[PDB]
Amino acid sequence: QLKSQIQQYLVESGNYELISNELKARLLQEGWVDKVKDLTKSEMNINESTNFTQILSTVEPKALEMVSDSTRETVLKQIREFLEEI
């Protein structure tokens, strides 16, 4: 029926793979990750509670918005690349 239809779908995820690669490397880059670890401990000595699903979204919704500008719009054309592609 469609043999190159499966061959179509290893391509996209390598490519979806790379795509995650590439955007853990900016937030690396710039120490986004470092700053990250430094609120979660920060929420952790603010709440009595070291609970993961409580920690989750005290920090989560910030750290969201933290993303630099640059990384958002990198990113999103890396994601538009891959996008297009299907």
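Positions refer to the first chain, counted from 1. Whichever C-alpha set is largest while still superposing within 1.5 Å between the two forms counts as the rigid core. Compared with the form deposited in another entry:
- Core-superposed comparison between the two forms: the C-alpha position of residue 11 differs by no less than 2 Å.
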Contents of the next structure:
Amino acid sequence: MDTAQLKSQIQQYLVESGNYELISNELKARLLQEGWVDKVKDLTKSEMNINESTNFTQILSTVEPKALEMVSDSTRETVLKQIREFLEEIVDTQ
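Could you output the structure for the form deposited in another entry, given that the previous block was the form deposited in one PDB entry?
Nothing else is written out below except the one chain.
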């Protein structure tokens, strides 16, 4: 029940306390709930079937740009806010 705003502020205090992993692990969880990981998995197969040389680098050349675009905008904004909010505690108020 409107738990969004609460969850944000809570995370922020936890990360300050030394719980630094909470950012990366929380990103991971949003990506799984939304299904991002499974999509990248399939997009990878698609690329491999197209060119069919098993090479990792060239296949990463096309999978990576697309992968960064497919992350749901809510996941990117909420996670990017957590990073930004945290960074402000490391660097001067500006």
